[PDB]
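Below you will find one chain, with nothing else, as structure tokens; this is the form deposited without this ligand, and questions on how it binds or moves follow later.
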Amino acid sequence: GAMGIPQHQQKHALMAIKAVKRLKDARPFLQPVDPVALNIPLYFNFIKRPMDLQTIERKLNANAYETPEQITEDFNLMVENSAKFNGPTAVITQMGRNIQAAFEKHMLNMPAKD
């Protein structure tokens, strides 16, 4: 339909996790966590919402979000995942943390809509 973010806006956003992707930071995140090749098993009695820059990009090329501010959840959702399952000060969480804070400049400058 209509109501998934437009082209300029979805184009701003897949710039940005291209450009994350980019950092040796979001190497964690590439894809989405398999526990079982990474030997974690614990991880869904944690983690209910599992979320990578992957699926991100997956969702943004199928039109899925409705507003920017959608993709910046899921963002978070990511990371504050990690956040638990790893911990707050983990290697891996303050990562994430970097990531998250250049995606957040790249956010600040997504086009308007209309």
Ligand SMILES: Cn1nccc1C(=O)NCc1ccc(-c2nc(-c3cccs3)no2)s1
Second form
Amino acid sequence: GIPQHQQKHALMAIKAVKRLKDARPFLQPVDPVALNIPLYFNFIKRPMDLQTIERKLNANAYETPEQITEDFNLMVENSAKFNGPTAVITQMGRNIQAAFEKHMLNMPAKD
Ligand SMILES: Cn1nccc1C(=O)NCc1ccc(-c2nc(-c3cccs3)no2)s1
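Let's see the other form, the form deposited with this ligand bound, since the form deposited without this ligand is already up.
Then the entire complex follows, led off by the chain already shown.
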């Protein structure tokens, strides 16, 4: 797992993103049948959401900050594939992706 200071930085980035209206579609895992999109898991083989990223950070399940960035990008790209590249949800994902990248560019180095 990444050292404490990087873990803290990523956690603060995630909390900042969670505060945003544009995060609302991404706060929790998708339940396809509950949303009457039963083909979701046929299209999306690696579901991802903000709660999972935060829990993984708390579980020290990331080895590098780039893995966090990869999971965030995967979440947004899942929306791009399933809802469409210009769908409302996808553009909200692009917005919070920009916010998260702003917070992650400032990630402190190991040494
Ligand atoms: C199928 N899927 N892929 C990624 C995410 C999803 C999905 O459906 N998650 C459940 C949702 C919760 C809130 C959503 C939403 N809130 C809004 C708006 C609020 C205010 C202005 S827009 N738009 O969507 S979606």
